[PDB]
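2 protein chains.
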Amino acid sequence: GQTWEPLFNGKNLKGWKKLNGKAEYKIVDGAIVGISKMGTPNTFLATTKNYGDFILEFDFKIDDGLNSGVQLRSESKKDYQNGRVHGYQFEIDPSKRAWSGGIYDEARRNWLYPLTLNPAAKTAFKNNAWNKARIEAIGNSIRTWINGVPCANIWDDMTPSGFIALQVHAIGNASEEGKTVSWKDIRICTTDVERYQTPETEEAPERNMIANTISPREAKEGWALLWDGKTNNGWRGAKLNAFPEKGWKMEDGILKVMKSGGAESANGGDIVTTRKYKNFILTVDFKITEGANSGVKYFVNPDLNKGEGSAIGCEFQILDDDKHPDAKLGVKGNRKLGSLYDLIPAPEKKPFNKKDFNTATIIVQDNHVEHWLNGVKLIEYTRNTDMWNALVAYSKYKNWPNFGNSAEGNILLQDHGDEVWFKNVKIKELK
Amino acid sequence: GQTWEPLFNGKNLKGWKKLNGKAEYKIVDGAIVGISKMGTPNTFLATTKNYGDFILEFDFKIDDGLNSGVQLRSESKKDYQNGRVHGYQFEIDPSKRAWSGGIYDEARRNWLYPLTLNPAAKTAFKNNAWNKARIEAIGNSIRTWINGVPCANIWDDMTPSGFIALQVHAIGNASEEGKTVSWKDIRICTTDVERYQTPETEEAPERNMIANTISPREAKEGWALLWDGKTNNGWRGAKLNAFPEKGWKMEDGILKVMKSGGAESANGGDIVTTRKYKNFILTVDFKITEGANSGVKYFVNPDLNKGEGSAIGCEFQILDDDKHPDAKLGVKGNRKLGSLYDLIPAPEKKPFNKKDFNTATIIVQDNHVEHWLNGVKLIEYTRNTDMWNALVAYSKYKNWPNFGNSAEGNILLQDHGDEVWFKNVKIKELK
Ligand code: NA
Ligand code: NA
Ligand code: NA
Ligand code: NA
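Order-wise, the sequence lines are chains A and B. By the numbering used here, the letter at position 398 of the first sequence is numbered 420, and the numbering carries on one by one without gaps. By the numbering used here, the letter at position 69 of the second sequence is numbered 91, and the numbering carries on one by one without gaps.
None of these hints come from the bench; they were simulated from the model. Just to be clear, a hint being listed does not mean it is correct.
[Said to hold, decoys possible] Covered by chain B, according to a simulated footprint, are these stretches of chain A (three or more residues, beta-carbon under 8 Å):
#1 112-126
#2 163-170
#3 310-324
#4 382-390
[Claimed, not checked] Below, computed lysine to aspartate or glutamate pairings styled on DMTMM-like, alpha-carbon distance capped at 25 Å:
#5 B:376 / B:325
#6 A:201 / A:27
#7 A:118 / A:216
#8 B:418 / A:370
#9 A:418 / B:370
#10 B:418 / A:402
#11 A:453 / A:441
#12 B:372 / B:330
#13 B:399 / A:388
#14 A:376 / A:430
#15 B:418 / A:348
#16 B:39 / B:199
#17 A:420 / B:348
#18 B:420 / A:343
#19 B:48 / B:75
#20 A:420 / B:402
#21 B:420 / A:348
#22 A:418 / B:402
#23 B:453 / B:370
#24 A:399 / B:75
#25 B:420 / A:430
#26 A:420 / B:370
#27 B:420 / A:370
#28 B:242 / B:348
#29 B:252 / B:75
#30 B:281 / B:267
#31 B:450 / B:267
#32 B:59 / B:75
#33 A:418 / B:388
#34 A:420 / B:343
Every residue, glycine too, gets a C-beta built ideally from N, C-alpha and C.
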């Protein structure tokens, strides 16, 4: 049957090495017990072997008010932060936050898969009890389970192989000196991994960490890239037959609208998809600069505006609400980030992290439309209704016949003369 | 079993008399054949007997481009239009309008039950073929069927007994000169009518013609009067504790708002229900004067406006679109008759008969609302939505917090200083 190799023999610490911190690892009833300390940094008991593709299993228990984790495909390099342990980590969190089984990129990218991405896994961890963990690291796929509950699922290629390590996190208050985290029955399967892998029917939804790519899961699910992360393929200027020769830069897997005078579509101009879409889920990652303005448009007719300014369509406003003057204009905030520009305001409380990339989601299912920001629904509307047409009649789009009522339209990225970054521009066409 | 009496014996015209016009009635293969003429008015072949409660059955055929009908409980009085045949008539309509089986009040009230009130019955009549008809006139209930399809259902007490007559409608163009209508197998049942009557499960929805009353059907169906047709009971001034002492008159079963300077709620002021309603079907019959303005409001809070003008609520606009200046003042006609005033425009083409009474219907089912005019849906909307709140934010109601979003409110009739008539103010409370 399945060939399992023990990583810990229940007797001694053979096959392990302590890195960074000076916390103790004692053996109590066939379990590795990591003991908290004071004045020492994070400690890691790392395997003396590197593992690429594997199925890892271990039992774990932790004192409340303590944080722990198990490093996967992790490294310690003398050239990077004096051998500080970095890489994927299976979170052990007994706090009310409840992100156990989540993936944290230790001393590197930080949170990759927090349990906000899969909230039903928050109930998996049993406080002050033994918990059974399973990790499946197969190619670029890293998946985690706690007590049979799927927790995290990331698609990433940064480190294909590295060590497994047990974390004893540095403590801050005196009230946690002898507080322990314990690991037992640590075993690994490295032979016939594909024979014993968990099916796609019993996993957490995947998060693809490899910018501007379509994972096998995303492909099976009907996703395609609108931007390939390298070329202007699939895009043209709204009023041009080809891509603009200025005002748009592509570098480091980021599609950047250039900073100019902040004027509307006066630099390189807006860019549109070279094809039309009907029903879809459109996802766009964006990062703004101070006082920046841009937007994601859909139901676009690139031939309507032959004059100055932005091409005609419905818009997912992108803005620095704190600085850009347009945020205070319009009616009851209908020009702030995430709004249906000049029509429907985004709520006052929205999950926006101005220092990082944010994800815009636009869903079109015939007449039904939704705007999401970082997995939270902002607005909901229905075109081809008495309400829609009446609302459009009061707006900036009052002169456009049958505005936002057509089945098909192009998707657009706006030039509002400010520096805005884009990546992971993907589409899932719907029935 | 059922006792049937033939109205036509198949051989001669014994039991019949020709009234008004001079068109011919010939017998062809056991059928009465009415022949169209020229220069003669409508002709009626009337039974020499009067019938009150009965079940009438006949087969009928008509040439296309011709109009006919069968008179029920009808009269011919020397004191009434010099013997002009008047009364209920079963319509025979081969035109695209398709109101065969509908009830028309010949030389009296005109259309009582057009097939606008039961559009599924429009398919019943077979062109250039024989059609079976059934009429059940039982007390105040007059119901009709064509080929087993229920067509019309009226509740009326104007004429409990009269003759049955076959109509040869006066023709205008020479091309109709020869054209005929035929009626065969004309039989009547006057004995044990209740034993053979069609159940309520197989009829057209009823229209009650008896002003300010609740028919047995309406009562069973949960309808009640908001105005009893005689007293101010159930009504008070919007800003008063009692009914206004001026500007509102009750006479002849009509509720009248008096003509003054055309100012908004400056005469007797608006009148409101002394009760609040939640979910309902509200019906109002109204008649306007030239350049008149009024309205039916719902979701009313009589305590919001303590100043000048109309009380606060959503409004079914009542207006003379042709003359009143406010018709040109909205956004894309949102202040014209039937509109949700200043919010949602009624369509450009609406069934409004400015010389007669018209029926306004307002349906509230929690957040969902509809406006109907004379059995035709005008607009439909949903409050407590992003679209609603955004649309309200652009309107005259932009300063009212949570406008039109409350479950309950009073129903109001507007004083807009013009002469407007009301009757049949009824409500069906919903779950
Ligand atoms: Na941790
Ligand atoms: Na914008
Ligand atoms: Na007729
Ligand atoms: Na009005």
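Now for the hints, and whether the structure bears them out:
1. 112-126: violated (count 0)
2. 163-170: violated (count 0)
3. 310-324: violated (count 0)
4. 382-390: violated (count 0)
5. B:376 / B:325: Distance of about 34 Å is beyond 25 Å: violated.
6. A:201 / A:27: Distance ~29 Å between residue 201 (chain A) and residue 27 (chain A) Cα, so the pair is violated.
7. A:118 / A:216: Violated, because 35 Å separates the two Cα atoms, which is more than 25 Å.
8. B:418 / A:370: It holds: about 23 Å lies between the C-alpha atoms, which stays within 25 Å.
9. A:418 / B:370: Since the Cα atoms of residue 418 (chain A) and residue 370 (chain B) sit roughly 23 Å apart, the hinted pair holds (cutoff 25 Å).
10. B:418 / A:402: holds (24 Å)
11. A:453 / A:441: Violated, at about 35 Å.
12. B:372 / B:330: Outside the cut-off at roughly 32 Å; violated.
13. B:399 / A:388: holds (23 Å)
14. A:376 / A:430: violated (32 Å)
15. B:418 / A:348: With a Cα-Cα distance of about 24 Å, the restraint between residue 418 (chain B) and residue 348 (chain A) holds, given a limit of 25 Å.
16. B:39 / B:199: Cα-Cα ~22 Å, so holds.
17. A:420 / B:348: Roughly 20 Å separates the two Cα atoms, so the pair holds.
18. B:420 / A:343: holds (23 Å)
19. B:48 / B:75: Measuring from Cα to Cα gives roughly 29 Å; hence the hint is violated.
20. A:420 / B:402: holds (20 Å)
21. B:420 / A:348: OK: residue 420 (chain B) and residue 348 (chain A) at ~20 Å, within 25 Å.
22. A:418 / B:402: holds (24 Å)
23. B:453 / B:370: violated (33 Å)
24. A:399 / B:75: Distance ~63 Å between residue 399 (chain A) and residue 75 (chain B) Cα, so the pair is violated.
25. B:420 / A:430: violated (33 Å)
26. A:420 / B:370: holds (18 Å)
27. B:420 / A:370: holds (18 Å)
28. B:242 / B:348: Roughly 41 Å separates the two Cα atoms, so the pair is violated.
29. B:252 / B:75: Violated, at about 30 Å.
30. B:281 / B:267: holds (15 Å)
31. B:450 / B:267: It is violated: about 29 Å lies between the C-alpha atoms, which goes past 25 Å.
32. B:59 / B:75: violated (33 Å)
33. A:418 / B:388: violated (31 Å)
34. A:420 / B:343: holds (22 Å)
Violated hints for the displayed structure, listed by number in ascending order: 1, 2, 3, 4, 5, 6, 7, 11, 12, 14, 19, 23, 24, 25, 28, 29, 31, 32, 33.
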